[PDB]
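Trainee: Residues per chain, in single letters:
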Amino acid sequence: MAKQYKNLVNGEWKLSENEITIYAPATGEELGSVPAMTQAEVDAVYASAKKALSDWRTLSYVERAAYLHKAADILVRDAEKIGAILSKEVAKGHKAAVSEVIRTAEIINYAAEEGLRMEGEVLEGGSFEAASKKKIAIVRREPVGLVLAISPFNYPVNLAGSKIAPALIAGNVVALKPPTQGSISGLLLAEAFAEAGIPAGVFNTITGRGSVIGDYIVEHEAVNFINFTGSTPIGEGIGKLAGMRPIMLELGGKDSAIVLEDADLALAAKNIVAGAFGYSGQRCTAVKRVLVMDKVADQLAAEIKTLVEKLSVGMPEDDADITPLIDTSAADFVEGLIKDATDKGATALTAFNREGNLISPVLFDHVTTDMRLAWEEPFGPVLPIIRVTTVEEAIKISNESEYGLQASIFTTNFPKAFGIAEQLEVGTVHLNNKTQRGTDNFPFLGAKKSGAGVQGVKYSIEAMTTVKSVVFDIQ
Amino acid sequence: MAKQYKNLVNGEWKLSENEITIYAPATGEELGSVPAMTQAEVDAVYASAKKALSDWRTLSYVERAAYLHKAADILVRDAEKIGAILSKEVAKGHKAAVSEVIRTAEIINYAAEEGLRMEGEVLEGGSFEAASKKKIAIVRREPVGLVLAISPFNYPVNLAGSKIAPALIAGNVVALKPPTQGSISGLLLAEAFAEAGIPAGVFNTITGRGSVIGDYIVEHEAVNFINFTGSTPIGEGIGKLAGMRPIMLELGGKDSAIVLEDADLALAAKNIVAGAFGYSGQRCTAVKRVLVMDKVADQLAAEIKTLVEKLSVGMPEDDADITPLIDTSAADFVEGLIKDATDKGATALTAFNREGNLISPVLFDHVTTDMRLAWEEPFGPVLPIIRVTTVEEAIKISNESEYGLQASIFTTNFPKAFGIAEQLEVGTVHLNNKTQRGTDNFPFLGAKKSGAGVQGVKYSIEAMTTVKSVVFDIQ
Amino acid sequence: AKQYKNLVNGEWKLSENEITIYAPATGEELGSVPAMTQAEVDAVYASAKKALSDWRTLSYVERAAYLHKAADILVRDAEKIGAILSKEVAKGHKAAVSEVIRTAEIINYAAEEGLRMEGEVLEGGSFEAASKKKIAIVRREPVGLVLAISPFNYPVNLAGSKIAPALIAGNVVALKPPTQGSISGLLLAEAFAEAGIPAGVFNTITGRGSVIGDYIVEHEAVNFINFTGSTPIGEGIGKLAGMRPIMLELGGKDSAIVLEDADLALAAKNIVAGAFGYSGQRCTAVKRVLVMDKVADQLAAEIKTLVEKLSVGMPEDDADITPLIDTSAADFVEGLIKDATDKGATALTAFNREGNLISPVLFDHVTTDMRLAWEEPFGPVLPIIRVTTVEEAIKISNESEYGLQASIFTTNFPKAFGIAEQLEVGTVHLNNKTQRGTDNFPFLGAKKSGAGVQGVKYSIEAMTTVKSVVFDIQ
Amino acid sequence: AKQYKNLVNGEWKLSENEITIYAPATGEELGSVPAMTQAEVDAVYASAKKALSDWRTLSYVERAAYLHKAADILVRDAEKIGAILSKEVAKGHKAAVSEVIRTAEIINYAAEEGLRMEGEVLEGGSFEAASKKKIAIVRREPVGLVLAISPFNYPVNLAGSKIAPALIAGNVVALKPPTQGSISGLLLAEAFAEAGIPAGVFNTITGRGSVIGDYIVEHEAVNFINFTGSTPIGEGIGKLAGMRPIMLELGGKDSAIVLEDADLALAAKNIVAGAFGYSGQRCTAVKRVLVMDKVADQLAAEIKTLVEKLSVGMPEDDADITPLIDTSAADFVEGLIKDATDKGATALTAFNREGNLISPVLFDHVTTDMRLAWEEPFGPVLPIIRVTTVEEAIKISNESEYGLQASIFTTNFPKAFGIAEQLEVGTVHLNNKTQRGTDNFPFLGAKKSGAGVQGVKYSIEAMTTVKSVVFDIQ
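Chains as they are written, first to last, in the deposited numbering: chain D, 1 to 475; chain C, 1 to 475; chain A, 2 to 475; chain B, 2 to 475.
Heads up, a few of these hints could be off.
Computed spacing ranges between beta-carbons, pair by pair [said to hold, decoys possible]: (1) B/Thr21 - A/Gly336: 56 to 66 Å; (2) D/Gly210 - C/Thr347: 49 to 59 Å; (3) A/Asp319 - C/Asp55: 34 to 44 Å; (4) C/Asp55 - A/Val212: 57 to 67 Å; (5) B/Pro199 - D/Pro415: 47 to 57 Å; (6) C/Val212 - D/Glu393: 36 to 46 Å; (7) B/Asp343 - A/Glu219: 35 to 45 Å; (8) D/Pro415 - A/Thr389: 26 to 36 Å; (9) D/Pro415 - C/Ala40: 42 to 52 Å; (10) A/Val212 - B/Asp264: 30 to 40 Å; (11) C/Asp55 - D/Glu195: 53 to 63 Å; (12) D/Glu195 - B/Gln423: 34 to 44 Å.
List time: in silico BS3-like cross-link candidates among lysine-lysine, alpha-carbon distance up to 27 Å [stated by the list, open to error]: (13) B/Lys3 - B/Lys81; (14) A/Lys14 - A/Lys70; (15) D/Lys134 - D/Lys270; (16) B/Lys416 - C/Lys416; (17) C/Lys134 - B/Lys416; (18) A/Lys270 - B/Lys134; (19) D/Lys70 - B/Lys70; (20) D/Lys448 - C/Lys50; (21) D/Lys416 - C/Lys50; (22) C/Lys70 - B/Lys270; (23) D/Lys134 - A/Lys134.
None of these hints come from the bench; they were simulated from the model.
The beta-carbon is built from N, C-alpha and C at its ideal position, and this holds for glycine as well.
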């Protein structure tokens with residue numbers, strides 16, 4: 001039942017002297033163990049990847065795309081088998097975990113076909129000066145080299161594949177460092193690439209304790225690019241450890257949902273509840289605060305309340321909407337935000353209840369900017385409603401956040417919604433819909449402390465490629 | 001005629017309590033003084049810029065382009081006046097300094113017209129999944145915010161304008177930090193933008209001592225992007241101080257010129273000498289080592305020697321090819337590399353002579369890779385010739401360098417030259433021509449320790465812009 | 002009244018015969034233009050094909066410099082050119098000067114858009130592994146000789162919108178202005194000649210359609226025909242072009258769909274400005290209002306009050322409604338007004354005609370059996386058609402043989418976008434009148450409204466081809 | 002020998018009359034195809050216009066899935082389709098199977114290229130400050146009904162290269178294969194029908210040119226004609242199209258310019274493979290060698306040795322030179338051989354004809370007064386023309402009415418690029434024979450060789466239009 005998992009290192013499956021046992025956050029069930037790599041074993045992974053780089057980058061785009069398509073087919077075949085373990089490993093609903101594996105296969109296939117249509121440009125010297133009119137630049141794309149991909153606990157397969165496939169199609173070699181709570185899933189994803197016959201050293205995995213290899217994996221001079229999803233403080237550290245090297249960071253969010261007086265309140269409540277409470281609010285791109293005009297606030301709060309009361313609260317195996325949080329510390333942190341809001345006079349529209357790390361969904365009304373819940377990312381099923389008098393106030397409060405991932409605007413006036421969107425300091429603005437990363441072909445980025453670089457399949461490919469210009473004179 | 005220069009801060013010209021006197025490196029003549037800003041004065045510059053940002057980004061592209069065109073016209077008008085001071089300030093030939101100011105005006109005009117044709121994209125949700133076929137993403141470009149532009153001593157006007165105009169057209173606000181040896185020229189460039197009527201706070205300058213404001217200007221939370229040209233160690237430090245913030249770094253080069261057996265040796269010698277000895281070798285994109293096939297090495301060295309002996313050695317006012325180096329430390333460093341090469345048995349084809357900081361051009365043959373001159377960037381008029389037996393050896397020696405700015409290949413076999421170019425770890429490869437940044441519409445980038453990001457007018461605009469996606473469903 | 006000459010191979014040439022041009026509003030003689038023979042058209046094309054090799058080999062910067070100098074000369078002489086243009090096509094004095102300034106803007110924008118011309122590098126390895134070392138260096142090239150045919154209503158603006166995009170790309174051009182508008186077209190040519198455009202690179206042709214009409218188009222020297230004018234002439238040009246590339250800007254019957262939730266005052270303001278601009282003598286003009294019956298009475302009343310305010314008079318007095326281009330045009334418009342009156346449409350503003358000066362006529366209760374519901378008048382007459390559903394509005398809008406542009410006045414934009422997807426038009430304007438601008442935007446027509454896509458960058462792409470150079474890397 | 006049917010609105014239909022098809026190499030009866038009437042063509046087009054709305058509103062992913070499913074069926078049945086295709090157009094068995102596999106590759110590539118279709122957002126503030134709040138959301142759209150006309154020499158490959166790019170973009174298609182090749186076109190249609198392509202989305206038309214030839218092109222339901230075939234037929238299609246968009250892939254007389262510094266063995270190998278592939282029945286074949294006199298004797302001797310090694314025989318034996326498509330084609334080739342012999346050209350390989358199987362003829366000392374220097378033979382005959390300067394080679398190359406592709410064999414690449422700029426062709430191959438591939442690369446012809454740019458992404462762009470939605474941000 002509980003297997004001893006191994007790392008993919010240069011086409012071989014390796015155990016380490018020490019290991020980390022992984023337990024199901026909802027039940028405490030032992031799921032297996034992953035290797036606890038040393039720095040010398042991380043060196044072996046990077047040496048194998050740099051050695052494999054020359055033969056991988058010289059393959060055709062077609063040949064590289066064929067491996068990715070083969071990996072995605074194996075993921076679709078084993079979606080139930082991987083989804084069942086993923087569900088237990090990060091306390092995600094069984095169906096939602098299987099959906100994550102299917103979405104990963106879709107992103108791998110889309111990146112394989114997006115990346116193979118890689119084009120260059122021909123520039124004319126005569127565009128700038130007459131004397132150089134016979135000079136042209138043949139500009140072609142090249143891989144950056146070794147990409148270190150760091151996936152998060154909440155999407156350990158999906159936000160590993162969204163980094164791996166775009167890097168691999170471009171001719172880069174990859175080392176996946178999954179989170180410890182999610183490493184069995186990351187290694188199951190690696191088994192699909194290994195079964196697809198990915199050449200030795202082109203795709204590898206690293207698992208271990210942050211105290212032994214956390215900074216080491218990023219600082220290493222073999223790494224040419226770091227692609228990470230995780231907390232803002234960890235991302236801030238990765239940015240300095242990267243030095244001059246290119247990075248892509250997907251960090252926290254405190255996405256606001258601005259509801260104007262002319263909004264469809266039932267549609268706004270439906271989207272706000274689905275977005276805020278999806279995976280018990282353990283998503284960076286979740287709706288984390290409602291900024292509603294006071295005229296429609298009482299009716300909107302009542303409609304959000306009725307929907308929050310319907311949400312099922314239970315175990316991942318029963319596909320509950322609200323499942324247990326990733327760990328005790330996460331649950332304690334969420335309870336502290338709920339306590340601060342209650343003590344400062346916010347109205348609890350739905351009751352707080354906690355059984356283990358299973359916190360019931362809490363909706364708060366009359367939330368003010370002096371409450372921690374107005375600003376701090378909970379990663380838990382708690383949503384504040386902050387009443388505003390003007391749209392200028394809603395923009396001001398929205399932009400006062402250190403985060404700027406996405407925003408939602410619920411209104412029937414789209415020219416005004418576009419004007420508001422221009423002023424919001426976020427990557428994406430959704431009109432009459434919850435904030436969301438999808439569709440995966442769209443750009444996904446965060447302003448301020450929410451990230452660095454632009455994600456979305458083609459943008460991820462462009463970010464993990466460089467340019468080689470060949471200039472010559474026509475005679 | 002030594003003037004007391006002032007910094008452009010929020011539409012006003014400000015002196016500081018302390019100042020730095022600038023002297024001509026070739027004669028020791030006092031040229032004037034620039035303010036020695038405090039950290040509180042840097043805070044005032046950044047506060048002015050962030051305040052000016054909202055009204056600047058909301059202007060049309062046409063309005064922003066008009067200011068850039070007006071400033072470029074003022075630079076063309078005052079090219080002799082600016083060029084005369086620039087020549088004395090960095091010991092650059094009088095005509096070459098005037099040419100630099102004219103080239104700056106050309107880049108400003110090209111960036112104003114490139115940036116105003118800024119386009120977005122419309123993506124279809126139906127490209128990724130059938131359920132999202134009515135969902136579209138209107139993706140538009142936005143400024144990153146405040147750009148800190150740091151120009152180098154060797155191109156204090158040209159590599160200030162190449163950062164300022166692309167940032168300004170995109171709707172960013174700028175703070176120019178010129179080098180101390182080059183700050184009078186950076187402030188003369190600022191006077192052209194001020195005379196063009198650039199709004200208060202949109203364009204500002206900072207001058208000061210590295211011990212007082214060096215790290216402070218970069219670390220400051222108001223700065224959203226750092227665009228720097230200078231030494232590799234300084235750029236490495238900037239990368240760390242930037243944290244997660246976007247950067248563009250133009251650092252050192254050790255550009256190799258690979259000469260094959262079928263090369264036109266007279267053309268190779270002409271290009272190699274013009275590129276290696278331009279501005280006494282004080283350029284990052286300059287031929288710094290010749291990797292020549294042994295069969296043609298004696299004839300190529302003889303042809304390079306005859307041309308190096310013709311180079312004039314003297315003062316900037318007399319438009320000498322070889323002028324005095326930027327400072328004593330730079331000339332001492334170059335002399336040390338010449339000494340190491342002589343002591344290790346390299347053949348000096350042209351004699352070493354030094355008068356103050358005026359070093360005569362030294363050509364070395366039979367340079368082996370145990371010599372410091374084979375690897376270290378001198379920033380002086382010294383060129384090694386390294387003989388090889390195979391093109392595999394030339395590629396291996398060229399790639400062993402920590403730098404990878406550009407490379408030159410002299411050969412009549414272009415399909416082979418393209419194959420070699422693919423293997424060279426550089427940004428740009430010039431076929432049958434010296435390495436060069438131009439034309440300014442072409443990408444300019446460095447692999448390895450030569451930089452971060454892609455320069456060239458459109459690439460600079462793209463780098464200093466982000467994306468704002470607005471997603472909605474069609475009904 | 003001067004005797005104008007054609008620009009042919011850097012020289013100014015008269016022909017044996019000439020055509021005298023009169024002001025449509027006053028009958029004043031403005032001058033004459035040459036009446037070229039087919040042999041003189043041959044000389045223009047021989048000059049252009051000879052000049053093509055040295056023009057296409059110039060840098061993009063050198064070609065852009067000539068365009069910028071021509072645009073500067075147009076700005077300098079905008080009052081001088083605009084004054085003659087105003088008299089020549091009975092356009093308001095200020096509107097005619099604005100047209101010359103807008104032409105200089107398009108020329109400059111084309112010069113800077115075209116010089117940033119880029120190619121592409123394609124990888125053989127994208128399609129098959131065996132061709133991974135094979136790449137294609139794809140670069141843009143001119144099509145060759147472009148014949149540009151401008152219309153009477155925009156004889157300078159819709160001549161420059163064809164000439165500058167063609168010239169920046171390395172093409173040589175022959176401008177054939179309309180006879181009523183040839184003095185303006187030749188004044189535009191004087192600006193390019195003063196800018197020092199090389200001999201044969203830019204030339205003009207003037208003459209009678211019965212002598213050279215089909216001849217200029219069917220000539221084998223012409224590689225591309227870029228025309229603005231009537232649909233029947235455009236249809237003929239398409240056949241005469243054979244396999245050669247074309248760009249056609251033809252008739253319009255633009256609809257303004259007004260929904261129940263629309264801002265009716267804003268809809269009326271935009272509808273009147275768009276429908277009655279230059280007395281309705283524009284292809285991109287609101288030519289039919291398709292309004293929901295619940296809001297039709299109030300919209301009709303608001304359009305009426307604004308139509309009654311429009312000044313009716315002479316071009317020199319900057320009147321909103323000026324005399325029509327010719328008697329035939331005014332007779333045709335009067336016939337459409339008569340047909341609507343006889344079929345029971347309600348004339349909300351009175352019909353009056355003094356010479357070829359027709360007062361603006363607004364009709365309500367227009368049905369699909371009336372000619373005014375379908376035919377392009379090119380006159381100051383606007384029908385209002387009442388509809389019960391948006392499906393009916395889409396159906397009636399698409400039943401037209403034209404599909405240039407449409408306007409949708411509503412506060413529901415997701416629905417407006419859904420309606421826009423169903424309309425068979427090139428452009429849909431939300432809460433605004435139909436318009437060609439801004440000139441960087443695409444401008445095209447579906448069905449009988451055109452062929453090809455205009456707008457500066459689109460015009461450049463259309464009048465260029467590609468040259469692919471393929472080789473294997475070793 | 003089966004009785005084949007046309008795919009019409011999801012049903013397989015016979016016509017009252019039929020055309021029996023015979024193998025050009027053996028005379029074997031292969032089956033019959035319907036001889037459609039104009040009323041049956043009307044039914045095909047009515048079905049397609051009706052199916053257009055539900056096809057275009059499907060997602061790109063759903064349209065791509067049908068194309069991928071059709072391509073998989075073609076790979077599965079590649080031997081079955083290839084065996085019939087080989088007999089139908091006297092193409093080698095292995096080459097005919099390869100054609101089906103290449104068609105599946107193009108269908109898959111077009112499905113994935115087309116689904117990443119993007120629009121653009123343009124800023125009014127790029128052109129004028131007053132329009133800075135105005136933006137244009139420009140999205141791609143199908144042109145409507147595409148009539149695809151495939152040629153006899155690539156009846157499956159140059160049917161799929163038109164069908165898949167049109168279908169992914171949301172267009173509906175009617176395939177008109179050539180009569181000699183209609184069984185193969187209908188076998189391709191069976192793969193799309195088995196893939197479950199919706200009724201009316203994809204249809205076929207078969208018939209006699211005297212009954213429906215002009216009718217299929219003239220029909221007002223057709224919005225785009227994509228044709229590969231002879232130049233005179235293409236010229237007629239261009240007129241019949243009127244203002245409607247077209248894509249024409251017509252004749253070629255591709256020149257292979259061999260300079261003094263060329264690798265003559267490489268030049269001979271590529272020249273012979275390109276000139277004699279499918280007995281020279283290809284528009285992209287090398288059809289004339291323009292060689293510098295200093296290296297002409299050695300090059301001709303090297304080409305001769307390779308031509309003498311070409312097998313001459315039947316398609317079932319994978320012979321290099323197989324029987325020509327029909328008697329008329331072989332008679333025409335024999336006439337060009339006769340004109341060259343009578344005018345003094347040197348026959349380096351002997352002329353022999355057995356039925357319509359012509360042996361490969363190599364001619365040297367071919368002059369510009371011989372028909373073989375200019376006319377496309379579509380037969381295994383190649384002239385070698387000697388030139389004294391590269392200027393003469395460019396002049397002779399460009400004197401041709403065709404301009405499909407050119408080859409340049411030389412070791413001086415910067416000079417080869419300079420020559421390529423002067424050649425009036427779509428593509429120039431350096432040190433390699435002319436060829437359409439890879440299918441992601443642009444494929445086009447200058448002068449009488451075509452209209453429009455083919456190659457997968459270029460095909461998709463050509464069979465799409467643009468819909469601009471403009472609004473002001475508040």
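Trainee: Now look at each hint and say whether the structure bears it out.
Mentor: Results for each hint:
1. Range check, B/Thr21 to A/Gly336: about 58 Å between beta-carbon atoms, so the 56 to 66 Å window is met.
2. Taking 49 to 59 Å as the suggested C-beta distance range, the pair D/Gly210 and C/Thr347 conforms, at roughly 56 Å.
3. Taking the beta carbon of each, A/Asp319 and C/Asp55 are about 35 Å apart, inside 34 to 44 Å as hinted.
4. The hinted range of 57 to 67 Å is satisfied by C/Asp55 and A/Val212, whose Cβ atoms lie roughly 60 Å apart.
5. Checked against the hint of 47 to 57 Å, the pair B/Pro199 and D/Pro415 fails, with Cβ atoms roughly 38 Å apart.
6. In this structure the hint that C/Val212 and D/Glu393 lie 36 to 46 Å apart at CB holds, the actual value being about 41 Å.
7. Range check, B/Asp343 to A/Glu219: about 36 Å between beta-carbon atoms, so the 35 to 45 Å window is met.
8. Range check, D/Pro415 to A/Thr389: about 28 Å between beta-carbon atoms, so the 26 to 36 Å window is met.
9. Between D/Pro415 and C/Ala40 the C-beta distance comes to about 43 Å, which sits within the given range of 42 to 52 Å.
10. The supplied range of 30 to 40 Å is broken by A/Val212 and B/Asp264, whose beta-carbon atoms lie about 57 Å from each other.
11. A C-beta distance of roughly 58 Å is found between C/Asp55 and D/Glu195, which places it inside the suggested range of 53 to 63 Å.
12. For the pair D/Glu195 and B/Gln423, the beta carbons lie near 54 Å from each other, so the given range of 34 to 44 Å is not met.
13. Among the hinted pairs, B/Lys3 with B/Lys81 is consistent with the structure: their alpha-carbon atoms are about 14 Å apart, no more than 27 Å.
14. Note on A/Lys14 and A/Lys70: the hinted pairing holds, with a Cα-Cα distance of about 23 Å set against a maximum of 27 Å.
15. For the hint pairing D/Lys134 with D/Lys270, the CA-to-CA distance comes to about 61 Å; that exceeds 27 Å, so the pair is violated.
16. Annotation: proposed proximity of B/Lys416 to C/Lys416 holds, straight-line Cα distance about 16 Å (limit 27 Å).
17. Pair hint C/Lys134 plus B/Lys416 does not hold up; C-alpha atoms about 52 Å apart against a cutoff of 27 Å.
18. Only pairs whose Cα atoms come within 27 Å are accepted, and A/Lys270 paired with B/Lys134 is accepted, the gap being roughly 19 Å.
19. For a cut-off of 27 Å, the pair hint linking D/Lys70 to B/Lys70 stands: about 17 Å separates their Cα positions.
20. Under the criterion of a C-alpha separation no larger than 27 Å, the hint pairing D/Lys448 with C/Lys50 is consistent with the structure, at around 14 Å.
21. Note on D/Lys416 and C/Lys50: the hinted pairing holds, with a Cα-Cα distance of about 25 Å set against a maximum of 27 Å.
22. The straight-line distance between the Cα atoms of C/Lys70 and B/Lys270 is roughly 60 Å, outside the 27 Å bound, and the hint therefore fails.
23. This hinted pair checks out: D/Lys134 and A/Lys134 have alpha carbons roughly 25 Å apart, not beyond 27 Å.
In summary, the numbered hints that this structure violates are 5, 10, 12, 15, 17 and 22.
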